[PDB]
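Engineer: Single-letter residue listing:
Number of protein chains: 2
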Amino acid sequence: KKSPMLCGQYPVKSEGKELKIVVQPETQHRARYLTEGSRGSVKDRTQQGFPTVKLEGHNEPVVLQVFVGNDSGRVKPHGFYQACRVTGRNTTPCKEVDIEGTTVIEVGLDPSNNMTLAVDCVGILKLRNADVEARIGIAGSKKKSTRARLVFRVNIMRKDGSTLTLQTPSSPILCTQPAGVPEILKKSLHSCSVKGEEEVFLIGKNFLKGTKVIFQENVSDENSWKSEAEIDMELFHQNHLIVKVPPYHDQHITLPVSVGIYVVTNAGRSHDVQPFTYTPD
Amino acid sequence: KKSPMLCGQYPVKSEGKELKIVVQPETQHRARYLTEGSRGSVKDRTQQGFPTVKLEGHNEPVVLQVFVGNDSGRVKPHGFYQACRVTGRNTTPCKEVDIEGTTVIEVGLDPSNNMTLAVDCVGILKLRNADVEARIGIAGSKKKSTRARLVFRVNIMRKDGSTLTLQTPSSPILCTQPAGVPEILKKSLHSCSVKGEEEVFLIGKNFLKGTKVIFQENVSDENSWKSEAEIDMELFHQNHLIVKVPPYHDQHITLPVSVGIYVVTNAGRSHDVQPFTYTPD
DNA sequence: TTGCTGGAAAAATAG
DNA sequence: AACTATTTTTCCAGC
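As you go down the protein sequences, you meet chains C and D in turn.
Sequential numbering from 188 applies to the first sequence in PDB author numbering.
Sequential numbering from 188 applies to the second sequence in PDB author numbering.
FYI, nobody ran anything at the bench for these hints, they're computed from the structure.
Among these hints, one or two may not hold up.
In this list, chains with the same sequence are indistinguishable; a pair is considered to hold if it fits within one copy or across any two.
Restricting the straight-line Cα-Cα distance to at most 30 Å, the calculated cross-link-like pairs of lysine-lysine (DSS-like) are [claimed, not checked]:
| no. | residue 1 | residue 2 |
| --- | --- | --- |
| 1 | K413 | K382 |
| 2 | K188 | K207 |
| 3 | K346 | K413 |
| 4 | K188 | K204 |
| 5 | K313 | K329 |
| 6 | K189 | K200 |
| 7 | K373 | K282 |
| 8 | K431 | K399 |
| 9 | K189 | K230 |
| 10 | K431 | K313 |
| 11 | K373 | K331 |
Kindly generate the complete structure, drawing on both the sequences and the hints.
Structural biologist: Here you go:
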């Protein structure tokens, strides 16, 4: 690498060459801390591969550089995150160099693979605020950012001593720890008359801000009658919640109907379903 | 202040002068982080005044120094706590100087008030691990102390260039957050047969490690039949808990008996009582 | 017995 | 000021 300042303005394509991101990285990747183990490379959005960058308009071996930059605007290396290498008996080999104090990961883009590479060797390291705080004061109430972009860039050298610098940043990635699926561990009531209205205490975990309690007949994705039970907000809690039993659709059943309850969180659905029996009026 | 090393050995009285603590500080004062907006001074044991120090055997204006030191032994400034000034339209004015890296608060002791002062301008700041690292060493920041003493000391200058240094440390003060009073906000069952055994979901707050759920008949301190309800440990939580209804003492009541439920925490008792009705078999 | 994560408690900050 | 709610960091525990 020629080491052109990381802060300079550079184009994605030029002189008949483009550095494009074929496969964007996941929208979220939990950064790891120095005090703990490694946490893995950054995957793609299907979690089944890795962000993939391609270099069209050129067919020679060229080192690809990667580093973690701010989440938006003019590309600057992020101030709270540092890129890091991820070793593995299947991961692409790479070097870990330091530029202007920020860590940059050098991988090798090659024509033997049509100038394409699935970056599977880059992880994100979280720097401690307090630590950053006492170096760059401008970073704190001025800005504590938890989002970052994977910054890719190639430094080709033209015929003379010149060097063309193509750079392309990915979509932002939220670098914190994911919500975790909702779960119901135990409910206080398992049976109620068809008119409902009786309260049910639910204790479990991960009841996020956008959670909903759903009373359903079966597991008919398309429709087997479902209904949002009203939640008590004056006592909402990530681990417990009080909901009122929604009245059943058939006020005139002759026999007890067994239905299921499960919760939806802005992040997912409590895959384990609770049984609840509606009984005639 | 002459700035004599904070670690030196100094007497309380000497040369016909004593620096005595008339009113010891509270046995507990919740330290606050520097980011914390709240700044209370350290009160006395009646919570109605402040620790008061007096300088007998001298009648001139002399600056009184205060700083937070270890909880016992040879006075050394505490490594996890720093003294801090507390401003107020009624609090005594003072300066905040730094000595050997520790913060010292300078107040003015004066004869116009018979060499006495009720230090109402000193608070205690809790140092965050990362701060304690840069101050007292990494391995040191592991040996945790949550107790500290308010260290008072005067630096009088004798006729010549000499300086007499009287120092007196207070009783230790606990600087951790004072556990809270338990509370029951809502229960799922309010009535049960005399034999009991039915579970009751309790959601409230501050259900500490040593909490007990008590079913009682009245508010007869001495005795009006009380009983610890069994708690489910596999789901214990500071804000909620599942207990089984203890069977009543009179398996043969003819009429429904109304009893109360309240919780005891290693720190106190949920003063607000919940009603529960036992019903005949 | 150490390394990779998912889960969380504890530490610090926000509102 | 005194609380309550969120975030950040540091710990744990299960392969």
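Engineer: Against the earlier hints, flag every one the structure doesn't satisfy and list their numbers going up.
Structural biologist: Per hint list: 3, 7, 10, 11 violated.
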